[PDB]
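Position chains D, C and B relative to chain A; hints supplied.
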Amino acid sequence: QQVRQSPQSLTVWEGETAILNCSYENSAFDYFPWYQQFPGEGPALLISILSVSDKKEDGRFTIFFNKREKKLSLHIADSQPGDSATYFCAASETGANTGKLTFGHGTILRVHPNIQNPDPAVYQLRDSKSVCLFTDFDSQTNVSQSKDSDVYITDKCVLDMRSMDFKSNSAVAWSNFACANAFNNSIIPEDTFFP
Amino acid sequence: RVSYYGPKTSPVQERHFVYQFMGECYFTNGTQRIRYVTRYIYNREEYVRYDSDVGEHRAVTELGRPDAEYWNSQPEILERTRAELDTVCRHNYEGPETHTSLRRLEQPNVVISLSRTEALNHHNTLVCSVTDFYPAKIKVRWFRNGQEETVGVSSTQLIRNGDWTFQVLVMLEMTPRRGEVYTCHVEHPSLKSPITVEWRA
Amino acid sequence: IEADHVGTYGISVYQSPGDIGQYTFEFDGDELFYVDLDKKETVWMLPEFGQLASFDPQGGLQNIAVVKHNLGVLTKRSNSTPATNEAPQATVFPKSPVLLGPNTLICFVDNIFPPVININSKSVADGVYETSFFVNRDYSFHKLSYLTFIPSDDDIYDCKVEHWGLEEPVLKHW
Amino acid sequence: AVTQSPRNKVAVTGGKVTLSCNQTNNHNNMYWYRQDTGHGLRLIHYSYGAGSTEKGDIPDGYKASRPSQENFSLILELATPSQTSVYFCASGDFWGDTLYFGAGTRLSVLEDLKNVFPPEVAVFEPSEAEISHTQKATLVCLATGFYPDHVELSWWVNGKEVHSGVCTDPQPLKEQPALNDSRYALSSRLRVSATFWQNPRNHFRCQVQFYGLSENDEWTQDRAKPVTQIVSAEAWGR
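Chains as they are written, first to last, in the deposited numbering: chain A, 1 to 129, 134 to 180, 184 to 202; chain D, -26 to -14, 4 to 191; chain C, 0 to 100, 102 to 119, 124 to 178; chain B, 1 to 238.
The hints are simulated quantities; they were obtained by calculation from the structure and are not laboratory data.
Each hint can be trusted.
Distance condition first, Cα-Cα at most 25 Å in a straight line; then the derived BS3-like pairs of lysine-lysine:
(1) 129(D) <-> 94(C)
(2) 164(C) <-> 94(C)
(3) 114(B) <-> 225(B)
(4) 56(A) <-> 67(A)
(5) 171(A) <-> 160(B)
(6) 129(A) <-> 160(B)
(7) 55(A) <-> 71(A)
(8) 9(B) <-> 174(B)
(9) 127(D) <-> 94(C)
(10) 225(B) <-> 16(B)
(11) 100(A) <-> 70(A)
(12) 100(A) <-> 38(C)
(13) 94(C) <-> 126(C)
(14) 176(C) <-> 94(C)
(15) 55(B) <-> 38(C)
(16) 176(C) <-> 164(C)
(17) 39(C) <-> 55(B)
(18) 56(A) <-> 100(A)
(19) 171(A) <-> 160(A)
(20) 100(A) <-> 55(B)
(21) 39(C) <-> 63(B)
(22) 129(D) <-> 182(D)
(23) 100(A) <-> 63(B)
(24) 39(C) <-> 100(A)
(25) 160(A) <-> 174(B)
(26) 225(B) <-> 174(B)
(27) 129(A) <-> 174(B)
(28) 38(C) <-> 63(B)
(29) 174(B) <-> 151(A)
(30) 16(B) <-> 114(B)
(31) 55(B) <-> 9(B)
Isolated chain A, as found in the complex:
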């Protein structure tokens, strides 16, 4: 009866394929829709597949169905950052005329922007009545919360100045304090900039 989706969250780099899997127990399932939900709004149908066929390909998205092992797999190719969302996998027994759909728990997708030519630096900003800013760092580095409490370090972010290019990461730390120790509890690149 239940439906499972693994892994609970996935992270893929830009231009490469994401693979989101799904497995069902009830052998009577024959309709398999997939719903994509972005933050802030509800889910919407992305691509479906019937148990008769083994794959429906919709350009970038292809589902691979396995009636034997009762397994599924959604393939997103040349993934752009606009795909980072949550992907549910539903299945209904159409013969039963239920109306119920019984979703899976859904995987969470994160598309890392393909960065090239970054100069990671740490700045300090004015209060304009203190904040440290760690920008222009490669996406391969993962940011972690400060060992200390009161050190408010946030997760990474992506900035896209539409005019000139540009993919640029960022992360803001602040407390109530020197910027040279903000990312001390995090693996920073050895070639960073500290003015």
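Same frame as chain A, now just chains D, C and B:
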């Protein structure tokens, strides 16, 4: 378990008004052949029909004019109903029916009785009741001292009890002569050997 | 249309005013089960068939929702033509051979339309068991009403039928 | 489409909360889902048509009502803190292949209306180093000390909302990640060409939409009532 599947009644776009929907599956030689028919009845006036032997919703009255023409356009409706011959008919027959109705066998209960009190050398009637049996195929024959007596034999029609059991009474005109042995013969597909209940004069 | 076996799958009957409905399953004249529309549970005729098969009672509730919908549309499409009543008829007979000491009495009412019937010259109801409406080829209905009884000479029994097609009720004595 | 109402509500334990949903798709089926982390979308109630409601997988605490073919409504007779979640409304035709969902409702059932605090927004001007090392100017905005997480953050460059070169964090952060009522803080960014930031004729504003109490609640503290208002902080060029 196994799954009974019902058809998908296609939708439409002091007095009393009645509406009814049907989904008939006509099986012959098992699943060797199946004919599927859906019927939409409004006030005992069948107005729309889909017949697998046709392959298209047809209008049975002027009221069926729109609903037939409409359901033929949107293939999501037609191709669905057309395919119900496998998803509803064949599925139910090959699946849940075999594990239930097409497996029910109930042996009958045979009892002989004298309608009028016995008076030797006076004419009387014997009644061989046969009750509680499924399916309906059954043959009851009367024997008098080992001789198929078809004369003076009247059997009621098959009786539907409504709980998947039947009932048959077979009356025999006879006169008791001392020593005579009247036997009732019952042959049924749920009997490895025919059941024979006797009645000594 | 003859065939060996006949499956009358998905019988959906609805009528208003009253919002009365019914969803049943028939096979060779006998009813596999109905769906209780107020309890939302499938009720099988034979309990044995319950352990051997299953039907999601929700696979009907929706069908009846479709049937309620089509009825409302069709009532207007015909300028609201009401349904014609029909005089019912009953025949009473016992299930097992009546030996005067164990047995149940069956009242078989046929030619019922619309499906609204009410089944010792005294109101009695020991272990009565009524069934859902069975479909006829003429699109009227028939329904059976069992009665659990013990026979004795002093005691005679009747079957009361209340219907709109009958100016006054009628009864069949046995 | 499908428009749920209201899109954000804060309520107290024990009060009556009635979410509503309207649809313009001429559908017959409507559903009420709640989304929770680690439990996915869950069905609460659904309706095949006006007059009938059918229970879902988690119908406890909620009542359903389908008075119109277009309207479906939940009802929290007795609210509890275990109800807080993001509720969703949907619909689909009979034998409906696809499901049309609503935008979503964020519900917050609290024990006491004391911990409801609006945000304090502040804008930080870019460092001269980044202006001299990258020729770019990154403004940062901080909205701190607010509860619950029902906030939305926008930028406004020269009186018009901007998206190019803008970033906000996915989810807020708890100032004291150990208290059940810890206030949240959300950080955002805005990067512009250095030459465009050095022009003092341009103003950079940071606007937070706070979703708290309403004009029909009772505020019983010396503090100002945390109604739904706008908190903004602005800077200029140099």
